[PDB]
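Single chain ahead, by itself, as structure tokens, in the form solved without the partner chain.
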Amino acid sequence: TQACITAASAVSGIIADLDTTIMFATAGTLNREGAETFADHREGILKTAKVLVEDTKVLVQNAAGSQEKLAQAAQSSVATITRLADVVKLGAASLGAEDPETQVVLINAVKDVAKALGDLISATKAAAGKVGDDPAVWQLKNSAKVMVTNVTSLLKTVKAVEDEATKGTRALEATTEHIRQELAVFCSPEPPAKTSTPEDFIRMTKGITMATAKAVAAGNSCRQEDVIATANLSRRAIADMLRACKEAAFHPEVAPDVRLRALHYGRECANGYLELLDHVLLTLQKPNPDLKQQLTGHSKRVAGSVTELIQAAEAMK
């Protein structure tokens, strides 16, 4: 009973503290710390949320029994919700001040958990030493279920957040695999489907310059939608370059040395591009000025291959 009253005051303070964070986020002022992303926080949030499910069962189990044991269950649960509140706050800030709507969704979800705990501890108080039949025992069982509805709703929100935060990343990863398959085909001993002209090869090679620019921009913006657009453009641009390269190089009128050079630098170009994309993926995970600046170097290395490719093309005609 005493622990329940002290627990209600503590939960009230926790909720009030989450309201403070909501206000920061609402004003567009809840900034990310350094180059943290949600990924830095998600594990601690999920782990702590699950301990809270154990704490729910313990509350229910201990309402009948010792005053001391009920007291212990209340105290334990409040420690857990305190931590959950604090880690969700830090996770919401990691989404960045440019995403205030999602920040507020996340904080509100844990605020809802806090309130449901307040109710649950209140129901355990109401049921303190009541017997099976008592309406208070029913009400405790019902409160504990609503508690878990709120906790699992938080966990579902956390999944939606992380899925939204990685939609481009996962698209970009799929693209690096598509490029690898394209390059394996390019390097294979089978001939191309047809021959093509040095001019077609040059135009497709020039497409790389554009796709490279797009990737560099996405790595600097860290906008998951730009990463998606980068994924799509990159897949097409590299596929097109490798196709035209091999089709142009295998044309009967091309000397074996000029072919050798074109094939060699087509691979060089694809690999340089994959290294740029791999850096974009690294940058997305720690989006600081440093990693973002390194995108330029990768782009130059790709550009160097583009130059070779274009000169190889010129030598074909």
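Numbering follows the first chain given and starts at 1. Rigid core (definition): largest C-alpha set, two forms, superposition within 1.5 Å. What changes on going to the form solved in complex with the partner chain:
- Taking the core as reference between these two forms, the lone member of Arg42, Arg259, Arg267, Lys286 whose Cα moves by 2 Å or more is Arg42.
- With a cut-off of 2 Å and the rigid core superposed, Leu309 has a Cα displacement that falls short of the cut-off between these two forms.
- Annotation: Cα of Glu98 displaced by at least 2 Å between these two forms, core superposition.
- Once both forms are overlaid on the rigid core, the distance between the two CA positions of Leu30 between these two forms is 2 angstroms or more.
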The other form holds:
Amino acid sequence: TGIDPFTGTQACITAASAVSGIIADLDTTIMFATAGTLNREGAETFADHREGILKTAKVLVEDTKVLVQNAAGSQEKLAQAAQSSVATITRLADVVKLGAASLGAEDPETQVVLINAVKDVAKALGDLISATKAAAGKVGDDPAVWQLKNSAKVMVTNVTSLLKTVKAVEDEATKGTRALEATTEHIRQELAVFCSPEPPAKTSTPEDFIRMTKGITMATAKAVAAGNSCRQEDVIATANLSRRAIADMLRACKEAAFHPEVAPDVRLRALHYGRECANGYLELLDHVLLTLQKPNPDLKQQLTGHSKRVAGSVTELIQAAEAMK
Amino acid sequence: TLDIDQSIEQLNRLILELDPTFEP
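Would you mind generating the form solved in complex with the partner chain now that we have the form solved without the partner chain?
Next comes the full complex, and the chain you just saw is listed first.
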């Protein structure tokens, strides 16, 4: 019987047309993204899309193997293999688009890098489907069989390049976030030490304590600036400045408070507002981290309230220092 | 389950499986 024996071949032709459209669709998105109009969906951290990309990417690796294995054999099995791969790349493209958009319109250079990485996969799939067609029901020795295997590696090479780009993107997207977190743990360790019953390394004068307190002023303002700019470089600088400023203020506070010439109520008062200041400040940094994950106007206005809470303790801290003489 | 650190390992080996110039 003349059962249709070019359906596999036919599926390859239809697949090639589909892949052409996806690439054209990714070029369009690169255009929008380059112009800065591919906006973030409020929050929707990159960490979410990363899983969907990776999951779909592993499915695409299986579809690659199925294509290679099924080029020799049934037309129907080849037709099925072609169709499956096109469905997967459609989905992979779409989830990568969402991941790139989740980086936000203020980082357009990285958005385009990400979309191109998946575009490269799309191109490699087109070549792979073309190679299976040329190899459709050919046996091992045939150069088309050689070419099919070679086409499939140039596909998986692209897939791993996509995965490498995703890893590089996410590290850069959180380098400041992860630095600020390191600072909050250091501050907590410092504050646990500050609050511990062990004495400070030495005593000091109100003037040493006072000069550290003023450091809080410059750091709070800086932190507020990083939360408003959301620039990872400002976040890095805030992390470094905040760690030193709070650590220093806690050291001098306890050293000044334990000075023999300080009355027990004034020592008590100084220690209390030292803790208060650090705690208010940790809540400010924690609000900064929330702002970095969903940088809308609402969260940023709330930075004002946190800055006031730190400032309120600073006033107490300065009056406590003066009362040590 | 596998994360990107291990996937990129299995896939670099898979690139060599497919690679028809590479046959030890």
